[PDB]
Structures are given as C-alpha cells and as structure tokens.
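Protein chains: 4
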Amino acid sequence: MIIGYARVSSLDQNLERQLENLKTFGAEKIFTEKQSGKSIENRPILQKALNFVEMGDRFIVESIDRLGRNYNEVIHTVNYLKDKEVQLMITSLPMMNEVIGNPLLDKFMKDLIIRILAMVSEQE
Amino acid sequence: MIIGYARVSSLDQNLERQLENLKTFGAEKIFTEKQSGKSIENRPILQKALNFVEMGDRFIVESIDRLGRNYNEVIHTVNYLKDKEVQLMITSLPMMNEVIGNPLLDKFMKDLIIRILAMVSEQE
Amino acid sequence: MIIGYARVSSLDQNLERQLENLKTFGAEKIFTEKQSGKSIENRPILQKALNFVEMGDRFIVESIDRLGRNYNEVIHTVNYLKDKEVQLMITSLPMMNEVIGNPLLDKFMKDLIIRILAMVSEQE
Amino acid sequence: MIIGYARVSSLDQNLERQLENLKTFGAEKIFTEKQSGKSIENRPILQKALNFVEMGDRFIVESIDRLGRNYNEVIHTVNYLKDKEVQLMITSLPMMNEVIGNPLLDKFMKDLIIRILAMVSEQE
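Protein chains in written order, with my numbering: chain A, 1 to 124; chain B, 1 to 124; chain C, 1 to 124; chain D, 1 to 124.
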C-alpha cells in the first residue's frame, strides 16, 4: 500500500499543494498533521503513520523536512522505515529510489542522499 | 555524435566487458587507454577524446572511476565538457541525463552525487 | 586586499552586526547593499564589488545567503570568483579555506558545503 | 589515554610499519590483531580494544580499512565509540577538531567522510 504523510506548522502554508503532490505519486491514505517539525516526541499523527505502514508498503512525503527539522531524528525515522522494510519516497526528489551501482554502493549512496536532505532540513 | 572513453590499468581487468558496454550504449568511436586514472597528465588518449568531441556531442564512460581517480581533475574534466557543451553520459548512471520531479532539487542532488562518486573514485 | 559584501533586505535586520563581523575578519572596504538576494540583475552594488576584486584579493561575506538566495546565481558567482582567482571567505565558516592536504577536507568538502548552503539559501 | 588498534590479514603485510605509525601519533597501548576485516564476530582483539577505552580516551587507527572492511560494522563501531564518548582518530586523516565551524555541518561532514571510507574499505 502507498501511504502519505503531510505536515504544516500553520494554516498559512499551502497544505492543498502538499496533498496534491502526495496524490500525484499515488498515496491512497494520507495522514495530515498540524505541528512543528522540531520534534518527533510531540507528533502523534506521524507516529500513527509509522505504526500503520507494514513490510512492502511505500511511505511518501513531499520533502524530508515534513518528517522533521532535526537531522538526528529524521535519520532515526528513516532507519525505522528501513528496518520495517517500508520504502521511503520523496515527491520532490523521485530520483532517490533509483539504484546506484552494486548493493554496497547503492545503500551507501542512499545513506548519503538522506543525510544531505536531513542536513538541509535542519540547516534551513 | 556519441564518443566513448574506455580505461583499464591492465588488460587483466576485462576491458572487453567495458568496451561492449560502451558499444551497447551507442558509442560510435571508443578511445581506449591503458593507464592509471590518477592523472590526466600522462593520459594522451583521454586528451585526444576530449579534443575530439564538440558542441552537441555525447561523451560516454561506464563509470566515473574510468574517467579518473582524482577528484580535482575529474571535476575539472566534467566542467570542461559542460563548458564545451558536450553531454557527459555515464552508462551505469542513466539518471544524469534525465530531469525528474522538481528540476532544481534534481539537478542539485545529481551534482552532489557526481562529486561523491569522483571522490569515491580517488579514495579507491 | 580583503573586500566585504554586506546585504540586507530590510533596515530592521541587524546590518550593523553584519558590518562589524566583516570588519573583524579584516575587510578593508565593505560594499553594502539594501536589496533582496533573489536576483543578481537588480544588485549593482554586488556587481561593483565583484568588479572591484582582482586576482589575489579575498572576497568576504558573513554567510552564503548574503551573497544570494538563488542557487544557480550563487554558484555562478562562486565560479566567477574562482576563475578570477579571488578567494571566497565566509566568516561564519572560517575553517573552510584552511588547506589540509586531502581532497576529503579540502576541495570536496568546500564544493559540497558551498552547494548545500546555496540550495538552503534559496529554499528557505 | 590514547589507544591504538592495528590489524593485518596476513604477515605478508607490513605490520611493523602500521605499529610505528600508531606510536608516532602517540598511542600508549596498541591492540594488535591478525585477522580479516570482513567481520567483527571473529575479532576478539578489536572487541577488547573497544571494551578497554573509556570516556575521554582516544581510539586510533592508521586508516578505516584497518578498523574493518564491512560498512555496516564499521558504522556500528564508530557509533559505539561516539556513545561511549571516545574520540576516534584516523592518523591518515585526523578530524578531531571542527573542520568547518558549525556543529550540524561538522557532524554531517564527519559522518559523510566516515561513510565514504567505510564503503571503500568493504568494496576493496
């Protein structure tokens, strides 16, 4: 199943654009949250989305900053999905899921791509 | 036109497999060099290949490490090709000649990936 | 010599602090501009600054976002300075230009960090 | 205290030189192992070195490949040292201080470099 997670910190932001982007990549169920990205500890709706997905599912966000504004916490969340065998897709960067080289190079490059995006998220 | 550059340190390194790979991806002429990738200074065949290509041409390699094992020189070579309006194609990285998703973020990440691979190539 | 560029979009930003920081890092003249970082085309003072510096000089900014909030244009400006043989220093990242003797901590690191911060400046 | 870990897979490799390298960088005690770097499961001497070091100590290797030729396990080992508040130093690339001048950027860059070195080590 393809699942989306949407987040805005306030209603001023274009939530509808975000929802439309998730739909474009085939999100069948979308969990929508109005909260800051500062912490994962204060986001029950993200926690429901993460508990909802199962092995073989796809978990989609518009950008990694929707998951969180904290590098460490974003990495922890991506690791959770990785462990659960749930594919992460980022609509603003659909290139990320393409295979680069052998299984070693690919996992390493994916690690770096996520870390680059997570770093950008916090740096902003 | 599509022009290939192939490189091995020794004929033990299955150059056949590399050549037939460039042949598969459309290389009309392949410049083949038996030399270390550490330096461009002792690679006259690379120099000849770079001299040969012009605006509108395609310059193809199997992987970044074939082009070289020297971050500074490989990036200089990538920039030379960009300036000369010759498209660099990497047969193991067909994503580089594509624009998917947000065109800006796509270009940004693909740029960093090229740099990471050039660095990995020197480190190896 | 050491030349600074300072920019604010509004006089309610801390322009004095920015100028004080550039002075501390040895700027002998500071070209000061009140304008958006979105475009170089409407920023004659940045252009004056770039025209002023010559081979051997140092061009300093407090942060990459002062130079611009346009990824392509910041990279272009960075590449312009490089090609003019003018060293770019970012006062908030003072350790960047120290030569270690290994690409991992020199050109590779600089390229990566500059590009990340340029993207961050636009996406913010 | 400064502790070294030295490893060779065979006595064909210059073990004496690796030891002298660690002593040069001030290792007071060196844990020396003759074994493949493929796995941590058959490397009791590495486990002893990791168990030996305490908060405030420094753990040194000549290069990451000495520590291991297993991306996952090297990362795990480096994470273990981090949590123990034991400083890792690679004599061929000392990175104990800040390399940029910003805590997020420094953490990111160090993580990225370690990953490059750990990946290459396994690929070799």
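Everything labelled a hint here was simulated from the structure, so no lab data went into it. Treat the hints loosely; a few may be bogus.
You can't tell identical chains apart in this list, so a pair holds if it fits in one copy or across any two.
Said to hold, decoys possible - Straight line, CA to CA, 30 Å or less: simulated DSBU-like cross-link-like pairs of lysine-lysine:
1. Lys82 <-> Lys34
2. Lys34 <-> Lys84
3. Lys38 <-> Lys82
4. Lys34 <-> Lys23
5. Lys107 <-> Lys48
6. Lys110 <-> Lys34
7. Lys107 <-> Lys82
8. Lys29 <-> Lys84
Outcome of the hint check:
no.	hint	verdict
1	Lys82 <-> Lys34	within (25 Å within a copy, 33 Å between copies)
2	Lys34 <-> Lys84	within (25 Å within a copy, 36 Å between copies)
3	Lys38 <-> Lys82	both (22 Å within a copy, 23 Å between copies)
4	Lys34 <-> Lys23	within (18 Å within a copy, 40 Å between copies)
5	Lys107 <-> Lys48	both (27 Å within a copy, 27 Å between copies)
6	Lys110 <-> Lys34	within (28 Å within a copy, 32 Å between copies)
7	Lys107 <-> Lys82	both (11 Å within a copy, 19 Å between copies)
8	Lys29 <-> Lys84	within (19 Å within a copy, 37 Å between copies)
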